[PDB]
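Asks: Okay, here's what each chain looks like letter by letter:
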Amino acid sequence: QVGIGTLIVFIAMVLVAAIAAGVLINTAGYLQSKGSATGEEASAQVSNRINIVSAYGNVXXXXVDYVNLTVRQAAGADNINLXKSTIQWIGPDXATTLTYXXXXXXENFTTXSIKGXXXXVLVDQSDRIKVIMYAXXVXXXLXXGXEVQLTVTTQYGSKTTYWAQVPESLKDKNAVXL
Amino acid sequence: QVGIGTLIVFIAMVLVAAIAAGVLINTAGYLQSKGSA
Amino acid sequence: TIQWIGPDXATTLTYXXXXXXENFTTXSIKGXXXXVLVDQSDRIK
Ligand SMILES: *[C@@H]1O[C@H](CO)[C@@H](O[C@@H]2O[C@H](C(=O)O)[C@@H](O)[C@H](O)[C@H]2O)[C@H](O)[C@H]1O
Ligand SMILES: *[C@@H]1O[C@H](CO)[C@@H](O[C@@H]2O[C@H](C(=O)O)[C@@H](O)[C@H](O)[C@H]2O)[C@H](O)[C@H]1O
Ligand SMILES: *[C@@H]1O[C@H](CO)[C@@H](O[C@@H]2O[C@H](C(=O)O)[C@@H](O)[C@H](O)[C@H]2O)[C@H](O)[C@H]1O
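Protein chains in written order, with this note's numbering: chain A, 1 to 178; chain B, 1 to 37; chain C, 1 to 45.
Because the hints were derived from the structure by calculation, they are not lab data.
Hints should not be assumed to be uniformly reliable.
Pair by pair, the computed Cβ-Cβ distance ranges are [as the list claims (entries may be wrong)]: (1) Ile90(A) / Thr26(C): 35 to 45 Å; (2) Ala18(B) / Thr26(C): 19 to 29 Å; (3) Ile19(B) / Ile4(A): 37 to 47 Å; (4) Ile2(C) / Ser33(A): 40 to 50 Å; (5) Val36(C) / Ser113(A): 33 to 43 Å; (6) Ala17(B) / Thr86(A): 50 to 60 Å; (7) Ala17(B) / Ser33(A): 17 to 27 Å; (8) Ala28(B) / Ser126(A): 44 to 54 Å; (9) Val23(A) / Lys34(B): 52 to 62 Å; (10) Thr97(A) / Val16(B): 40 to 50 Å; (11) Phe10(B) / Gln1(A): 17 to 27 Å.
Don't be surprised by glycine CBs; every beta carbon is placed ideally from N, CA and C.
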């Protein structure tokens, strides 16, 4: 009688242990996948960043109408994608967030390739892509002295602030280095 | 259950480093523009 | 890449192999490679 009851408690012990173990491994599996998720995401948050080589601007009449940004990968970065980035434009007048535009822009920005295959994705360290924003389509065409705070933000999370400072004089200067 | 506690703390250590990691870079970003000007 | 900011045009120059147009070409002055700086004494024009 006692032995029969022990076996019933035994098999119930087996099932309870299996469920407890099953919960343990399944929770471990969830945290393993979650734990793996942050390792790549946080490293891409830290490593993957935009690096701005230069910032020039076209000058028509007497005001800067196009703003040109040449960008590249950071040190030891993965594939930065410039079509999933959102540049922030805090200008002298307006203050909006620029999204990427195809073809084109207006309140959006376009990316033309300078060196490399892709014209929107930085694959290797040597690829350079030019970021195009219409200054006369986001606000008034930038005149002399105007300053723009440009915050390029990667998809994974990065910040490359560049204070595009228009030169104090545009006297007979077709293109100027902001 | 010792491994489960490790995993949650593992995740916490990752963001805490990531939170700390940002501050130097974004501060260096502000000073890189301030120094250049 | 060489960023040319001249009185008129203002573009970024890539590399070619002809003397070019909107590119630049490199001719070795002192050394083996005509495109790669390997030693401290290498000069390429
Ligand atoms: C930033 O890059 C833009 C890439 O399209 C340049 O765009 C061209 O500018 C020319 C001129 O205004 O300089 C126009 O004739 C082209 O149609 C226009 O695509 C822009 O000039 C430059 O600042
Ligand atoms: C860079 O980011 C782009 C953001 O739109 C990606 O764009 C998509 O790419 C898909 C495919 O992988 O080619 C297309 O089916 C989508 O229509 C296109 O928007 C791009 O892939 C990525 O490299
Ligand atoms: C020489 O000094 C002038 C002082 O008035 C400047 O003139 C102003 O320039 C502004 C801008 O910087 O382009 C315009 O918005 C003003 O309307 C204009 O009077 C001039 O620019 C400067 O070179």
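Asks: Starting from the hint list further up, note which numbers the structure goes against and sort them upward.
Replies: Hints 2, 3, 5, 6, 8, 10, 11 not satisfied by this model.
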